[PDB]
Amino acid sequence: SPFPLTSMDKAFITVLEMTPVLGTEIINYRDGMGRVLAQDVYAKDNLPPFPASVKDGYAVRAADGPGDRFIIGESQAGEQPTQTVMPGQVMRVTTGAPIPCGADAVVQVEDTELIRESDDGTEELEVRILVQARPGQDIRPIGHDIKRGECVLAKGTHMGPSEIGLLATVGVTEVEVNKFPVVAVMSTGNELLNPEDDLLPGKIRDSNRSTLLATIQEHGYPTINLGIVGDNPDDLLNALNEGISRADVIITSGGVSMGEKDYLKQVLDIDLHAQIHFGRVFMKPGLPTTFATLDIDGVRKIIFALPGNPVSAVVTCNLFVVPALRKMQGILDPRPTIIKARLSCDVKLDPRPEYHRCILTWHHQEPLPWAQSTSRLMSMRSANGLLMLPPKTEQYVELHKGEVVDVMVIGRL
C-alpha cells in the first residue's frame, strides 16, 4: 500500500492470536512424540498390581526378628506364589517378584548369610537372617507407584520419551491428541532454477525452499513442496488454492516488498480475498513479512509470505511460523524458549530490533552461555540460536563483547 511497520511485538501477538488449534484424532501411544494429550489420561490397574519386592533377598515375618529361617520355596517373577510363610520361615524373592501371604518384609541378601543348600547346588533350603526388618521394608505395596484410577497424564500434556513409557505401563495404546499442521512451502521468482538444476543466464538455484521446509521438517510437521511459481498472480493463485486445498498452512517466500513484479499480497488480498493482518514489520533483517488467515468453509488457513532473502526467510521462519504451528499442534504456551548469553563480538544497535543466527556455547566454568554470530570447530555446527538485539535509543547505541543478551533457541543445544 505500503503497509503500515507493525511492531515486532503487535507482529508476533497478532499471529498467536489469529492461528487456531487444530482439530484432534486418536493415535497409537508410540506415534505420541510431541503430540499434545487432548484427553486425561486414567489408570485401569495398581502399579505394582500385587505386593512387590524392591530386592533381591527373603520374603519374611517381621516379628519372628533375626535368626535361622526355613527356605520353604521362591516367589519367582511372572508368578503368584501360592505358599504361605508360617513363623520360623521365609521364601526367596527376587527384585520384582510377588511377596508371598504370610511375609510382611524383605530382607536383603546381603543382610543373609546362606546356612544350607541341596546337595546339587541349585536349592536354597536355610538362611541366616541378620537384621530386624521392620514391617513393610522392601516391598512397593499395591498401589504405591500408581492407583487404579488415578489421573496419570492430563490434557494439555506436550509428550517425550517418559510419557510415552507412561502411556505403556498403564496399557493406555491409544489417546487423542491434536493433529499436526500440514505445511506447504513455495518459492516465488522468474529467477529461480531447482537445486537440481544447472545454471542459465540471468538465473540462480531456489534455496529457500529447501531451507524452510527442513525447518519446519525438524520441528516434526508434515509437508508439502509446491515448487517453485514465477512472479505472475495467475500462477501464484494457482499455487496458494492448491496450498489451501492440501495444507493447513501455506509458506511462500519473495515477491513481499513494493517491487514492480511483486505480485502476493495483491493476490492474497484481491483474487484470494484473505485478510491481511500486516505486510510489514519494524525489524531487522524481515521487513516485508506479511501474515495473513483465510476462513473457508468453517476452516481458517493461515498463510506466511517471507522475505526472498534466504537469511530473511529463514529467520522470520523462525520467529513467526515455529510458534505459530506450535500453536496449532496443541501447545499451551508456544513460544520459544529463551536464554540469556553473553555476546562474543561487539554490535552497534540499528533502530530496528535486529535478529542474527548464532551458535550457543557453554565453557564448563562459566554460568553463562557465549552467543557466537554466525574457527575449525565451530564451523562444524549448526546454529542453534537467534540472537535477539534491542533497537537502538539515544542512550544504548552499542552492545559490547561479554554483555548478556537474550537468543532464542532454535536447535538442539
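Numbering follows the first chain given and starts at 1. By rigid core we mean the largest C-alpha set that fits within 1.5 Å across both forms. Compared with the form deposited in another entry:
Among the candidates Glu150, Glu124, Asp269, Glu74, displacement between these two forms reaches 2 angstroms at the C-alpha for one position only, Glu124 (superposition on the rigid core). When two forms of a protein are overlaid on their rigid core, residues whose CA moves 2 Å or more are considered shifted, and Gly88 is one of them between these two forms. When the rigid core is held fixed, the Cα atom of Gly165 travels less than 2 angstroms between these two forms. Once both forms are fitted on their rigid core, the CA atom of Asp295 lies less than 2 Å apart between these two forms.
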Contents of the next structure:
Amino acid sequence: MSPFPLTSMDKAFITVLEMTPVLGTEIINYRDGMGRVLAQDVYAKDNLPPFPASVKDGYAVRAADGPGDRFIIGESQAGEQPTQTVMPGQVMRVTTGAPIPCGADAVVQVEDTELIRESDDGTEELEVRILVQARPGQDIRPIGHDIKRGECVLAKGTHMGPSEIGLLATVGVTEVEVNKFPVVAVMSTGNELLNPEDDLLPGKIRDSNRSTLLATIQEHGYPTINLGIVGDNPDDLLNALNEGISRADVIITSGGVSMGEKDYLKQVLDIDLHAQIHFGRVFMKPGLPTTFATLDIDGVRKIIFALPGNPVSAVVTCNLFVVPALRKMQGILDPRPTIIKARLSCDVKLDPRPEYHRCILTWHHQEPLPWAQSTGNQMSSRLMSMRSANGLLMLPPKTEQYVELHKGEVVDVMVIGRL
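Same protein, different condition: the form deposited in one PDB entry was shown, now please give the form deposited in another entry.
The text that comes after this line covers the one chain and nothing more.
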C-alpha cells in the first residue's frame, strides 16, 4: 500500500540521473576553477618551451666544432633572450632553463668543462675546457617540446584540479567557460524541531539534519541557502518551497514524509506546486521514505529531494542521491560515486533490504584491501574516533541463503570523504 510504490535502489538512482539536468555555462577566472568542469576546449597560443631551453647548466657546445679551445662570449640568462649570435669557434655560458642562442645543438653538464681560466680579476671566463662531441639531440628542450601552439591541452568535460589550473596558467588562458555550480536550498520540517542554539522544551529536539546536509554539500563546494525550520503545515511549506525555488536549483527537505500529519510535504509538492514526484519510497535501510520530485518553470527544471527526518537516514541519502545529482548538474561526465572493495571489521546480520552504514576506511599498511569499520548501530553509539566517517558501507539484502556477513569478507564501500 501507498500513493507511491516501493522503488528499488538501482532504480531510484537511475531515475535521479535521468531527471536531473546539466546546468548552463558561465565564464570565470581560472583561479576559481577547482571542481569546475570545462565547457570549452582550451588551446595553447604559445609553444612551451617557446625558445630552445637549456636542460642543464653549461655552455653552447657544438657537436660539430668538438674539442678546440673556445672563446666564452658571455652568459645566457634565464630572463633575457641572448642578444648574441654564437658564431663558430666561440661558446656561450648558459644556466639550467636559459635560452639557447643561434649557435649549437649545445649542452655541457656540470662535469665536462673543467674550466681553463678566468683572466682579468675573474669577472668573465673567456676559456672553455670542451672534451669531445657528445650527441646532437641530448639535453635541450626544443621550441614546442612540452606544448605545441594551437594544441588542445584540456578537453571539454575536464573536471578541473590543481594541475589543470596550473595548465591554464601555463598557456595564459585566465578566463574560462564552465558549467555553473548548482545552488542548494536546505530546510527542515517538523513541529518537534528546535534550532541548535535553543534549549530543549518538552517533546522537542534540536534539528541536526540541516547542519549535516549543508555541510555535506559545502564539502563538495556547492553554494547553499539555509531556509531554516518550517512547521508541518501546507501554507508555511509552500512559502518555503517557493522561496527555495526562487533562489536555488535544488531544494532539499528533511522530515515529515510518511503516515498522514507528516504527509503534507508530498501533498504540497503534488497538489499545490504541481511537481512530478518520481518516487516516494525506496526499498532501502535507512531512507525508505525518501522522495524525489521535479518541477519545471519557464523551461527551467528544478529538483527536489524530500528526505527522511531520521538523522542517519539524512546523511546516507544525501550521499546516495543528492551528491551524484549535483555532480551532474555541475557538468561531471560520470557523476556516479566511487565504490571500492573493503573487508568488514564486524560480522553483520543482513536485513530484507539493503543496509547503508557510515564507516571508516583504513589501510593497515602493507596489505591490499582496506578495512571498513562502521561507525555505530544507527547513531554515535560507543564508536568514538578521531577520524571522520569516510565511506558508506553497502550491505546486500537478505537472501534465504546468504543471511549475514563475517569479519574479513570483501564488501562494497561508497567513498564519501577525502580518504
